[PDB]
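Chemist: Chain by chain, the residues:
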Amino acid sequence: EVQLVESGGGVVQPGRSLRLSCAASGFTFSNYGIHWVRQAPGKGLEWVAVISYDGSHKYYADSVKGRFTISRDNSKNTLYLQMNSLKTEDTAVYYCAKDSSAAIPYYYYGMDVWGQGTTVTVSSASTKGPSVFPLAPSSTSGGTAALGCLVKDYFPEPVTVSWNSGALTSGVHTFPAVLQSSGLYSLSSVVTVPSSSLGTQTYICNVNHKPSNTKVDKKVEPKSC
Amino acid sequence: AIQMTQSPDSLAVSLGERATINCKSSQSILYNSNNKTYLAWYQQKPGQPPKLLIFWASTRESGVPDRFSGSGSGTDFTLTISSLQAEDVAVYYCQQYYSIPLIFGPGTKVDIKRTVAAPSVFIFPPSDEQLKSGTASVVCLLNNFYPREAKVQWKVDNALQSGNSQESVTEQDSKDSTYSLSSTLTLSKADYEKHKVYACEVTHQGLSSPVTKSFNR
Amino acid sequence: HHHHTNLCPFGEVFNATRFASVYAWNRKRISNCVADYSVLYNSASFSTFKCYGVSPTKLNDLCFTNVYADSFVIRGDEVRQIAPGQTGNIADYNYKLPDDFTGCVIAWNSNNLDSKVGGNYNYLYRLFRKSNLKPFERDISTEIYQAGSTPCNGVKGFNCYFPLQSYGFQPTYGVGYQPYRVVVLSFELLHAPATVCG
Ligand SMILES: *[C@@H]1O[C@H](CO[C@@H]2O[C@@H](C)[C@@H](O)[C@@H](O)[C@@H]2O)[C@@H](O[C@@H]2O[C@H](CO)[C@@H](O)[C@H](O)[C@H]2NC(C)=O)[C@H](O)[C@H]1NC(C)=O
Ligand SMILES: *[C@@H]1O[C@H](CO[C@@H]2O[C@@H](C)[C@@H](O)[C@@H](O)[C@@H]2O)[C@@H](O)[C@H](O)[C@H]1NC(C)=O
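Residue numbers (the entry's author numbering), protein chains in the order written: chain H, 1 to 139, 142 to 227; chain L, 1 to 217; chain E, 329 to 526.
Since the hints were made in silico from the structure, they are not lab data. Even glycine gets a Cβ: it sits at the ideal position worked out from N, Cα and C.
Listing some non-contacts, in silico: residues in chain H with all C-beta distances to chain E over 12 Å: (1) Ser-126; (2) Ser-138; (3) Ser-143; (4) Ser-167; (5) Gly-173.
Each pair of labels, with its calculated beta carbon distance range: (6) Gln-13(H) / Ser-438(E): 50 to 56 Å; (7) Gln-205(L) / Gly-173(H): 21 to 27 Å; (8) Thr-203(L) / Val-503(E): 49 to 55 Å.
If you want a taste of the chain L side facing chain E, the calculated C-beta under 10 Å gives, among others: (9) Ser-33; (10) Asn-34; (11) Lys-36; (12) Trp-56; (13) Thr-59; (14) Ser-62; (15) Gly-63.
With the hints as constraints, model all of the structure from the sequences given.
Modeler: The following block contains the structure:
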C-alpha cells in the first residue's frame with residue numbers, strides 16, 4: 001500500500017530546464033533517503049542522484065554533476081529534481097527509488113520501493129501527427147500471409163495502434179518505435195493471417211496519437227497490379 | 001568510479017533449470033568495519049520499474065521467492081535462480097552502493113529456452129501513398145522466431161546497404177515464446193527509382209542457409 | 329489476594345495498554361506463579377508464533393529456573409528479525425536474539441492501537457550505532473553519533489546525527505510499516521537428570 005509517484009516529465013528543448021517531482025505515501029517519508037535513477041530507451045539503468053533523510057547529503061552522477069539539483073520537502077512528503085542544460089543524452093525515464101535507511105555514505109541499504117517513472121524527452125522538435133501508410137500483402143508464405151500499418155514521422159511518443167477497433171488481436175505484433183535522424187519517430191504494426199481469408203476480411207488499423215489529436219484509420223488491402 | 005560488469009549478457013535457459021548470473025566489480029565492495037558487501041540485485045520487466053531482490057549480496061528481500069539467491073564476496077558476485085519460472089523472464093541488474101557514484105551493471109536478459117524456431121520472412125514495397133511524399137520505406141518482417149539473435153542484410157541491386165536502416169524487436173511472446181523483428185530501409189524517392197531489386201537477407205540459427213525475400217519495383 | 333499457586337499474570341504483558349519502544353524494550357520476569365502457556369498457543373489472535381529450542385506443547389511440562397517476557401513494537405517487515413541469527417536495523421541495533429535462543433516469539437498487528445491520525449511519534453528505534461548489539465543488550469543512550477572525521481560534542485550537526493528515529497505510525501500505511509507488538513518469552517531450563525524432570 002506504499003507507492004512513489006513521479007511527476008513533471010514532458011518534452012523540453014535542448015539546453016532548457018525542467019523540474020521533476022516524486023510524491024511518496026504509505027510510509028514515514030522523512031526516515032529514508034531517496035534516489036533518482038534514469039533509464040535511456042532500451043538501455044540499462046543509470047544512477048543519477050541521492051538525498052539523505054534530512055537533505056544534508058546530496059550527491060550526483062558525474063554525467064549530471066553541476067547540472068542537476070536534488071531537494072526534498074518532508075513536510076509535504078515530496079522530493080524534487082531540478083534539471084538544467086538538458087541534453088538529448090538526458091532523454092530517459094526517471095524513477096525515484098526509496099532507500100532502506102537514510103543516505104549517509106556508509107548507510108545505503110539499497111532501494112526497495114520504486115515508482116512507475118515519468119518520461120523526459122529532450123529534442124529540438126515540434127508536435128506532429130503521424131502518417132499511416134499501408135503494408136500490402138503481395139504474392142506470403144505457407145498459407146500464412148502478413149499485413150500491417152506503417153506509422154511514420156510523429157512526435158512525441160507515444161502511439162496506440164489497434165486493429166479492427168479492438169477485434170483483430172491474435173497474431174498481431176506492434177513493434178516499438180524508432181527515432182529517425184529527423185527527430186521524429188517511426189513505428190510499424192503487423193498481423194499474420196491465414197492466406198485463405200486475405201480477402202474475406204477487410205483489415206483496418208486504428209492509429210491514435212493524443213499529442214496532436216490525431217485519430218487516423220487506414221484500410222489495408224492486398225496490392226493490385 | 002567502481003565499474004560493474006555482468007556475465008553473460010543474455011542467458012536463455014529452459015524452465016525448471018537453474019539460471020546463473022555473475023557480477024564483477026572493479027574494486028572491493030566489502031566494508032571492513034562490518035563485514036557487509038554493499039551489493040544488490042534488481043529485476044526489471046518490460047513496462048515496469050526495477051524490483052529489489054537481493055541486498056548485502058546474500059540477503060533476500062522481504063517478499064522475494066526462495067529460488068532467488070545471491071552469493072559471493074568482495075568482487076565476484078552471483079545471483080542464482082534455482083528453478084526458473086515463466087514469470088522470471090526479465091532483465092537483472094547488479095548494483096554497488098559502497099561508495100559514490102552508485103553504479104549498475106550492463107544488465108543480463110533472461111528468457112525461457114524453447115526449441116529453435118525459424119522466422120517467417122516478409123517484405124513490403126513502399127506504399128503508392130508514401131511515394132507521393134518523396135520518401136520510400138521498404139519493410140522486412142521476421143515473424144515468431146527463436147532465439148532473439150538474428151542478422152538482417154539489405155541489398156539494393158545486390159549492393160549491400162548499411163547506415164540506412166533501423167530495426168525493432170518485440171518482447172518474448174507470453175504464449176509461444178517467440179520474438180519478432182521489424183526492419184525499415186528508408187531511401188529518397190530518387191534513389192528508390194534508381195534501382196529495381198530490393199531484398200533483405202535473413203540469417204538465423206533455425207535457417208540452414210541465409211533466406212532472402214525480394215521484389216522488383 | 330495473591331498466593332504462589334496462583335496463575336501467572338500473562339494479561340499484564342500481552343494485554344498491556346502501552347508497549348515499550350524497541351530500542352528500550354521492556355522486560356518482565358515471570359516468577360512465583362503457575363505458567364499455563366495453553367492460553368497462548370490456543371489463540372488465533374497472533375500473527376507470528378515461533379518457538380526455538382522447545383516444542384510449544386512441551387512448555388507446560390518443562391522445568392524453568394527463570395522466565396522472562398520482553399515486549400516492544402516494530403514494523404511488520406521487521407518481525408522477521410525477531411529470530412536467532414538475523415540482521416537488520418532491529419537485530420543489529422535494537423534487539424538481538426542469541427544463536428542458541430531457547431524461547432518463543434509472539435507478534436500481532438496493533439495498527440488499531442499504536443497508530444495515530446497524524447503519526448504516532450511515541451514509538452522509536454535506534455538508527456545509528458558503532459558496533460552491533462550483544463544478545464539481549466539494551467542501549468537507551470541518546471548520544472550524538474559521529475559519522476564523519478571530526479568530533480560532534482553532543483551537538484546535532486553535519487555528520488553528527490541523533491541516533492533515535494521515530495516510526496510515525498499512521499493507519500494509512502502498508503502492513504509492512506504498520507505497528508506490530510512483539511512478546512519474546514525467554515527460558516532457562518534447569519540442569520537435571522531425565523529422571524527428575526526431563
Ligand atoms: C487478552 O484479553 C482478551 C479479551 O480481553 C478483554 O479485556 C479483558 C481485560 C477482560 O475483561 C476480557 O473479559 C475482555 O474480553 C482475552 O480473550 C478472552 O478470553 C476469554 C477466556 O478467558 C474468552 O471468554 C473471551 O471470549 C476472550 N475474548 C477475546 C476478544 O478473545 C485474552 O485471553 C487475553 N489474553 C491474555 C494473554 O491475557
Ligand atoms: C563475515 O560474514 C560471513 C558471511 O557474511 C554473509 O555472506 C557474505 C558473502 C557477505 O555477503 C556478507 O555481507 C553476508 O553477511 C560470515 O560467515 C563470517 O563469519 C563473517 N566474519 C566476520 C569476521 O564477521
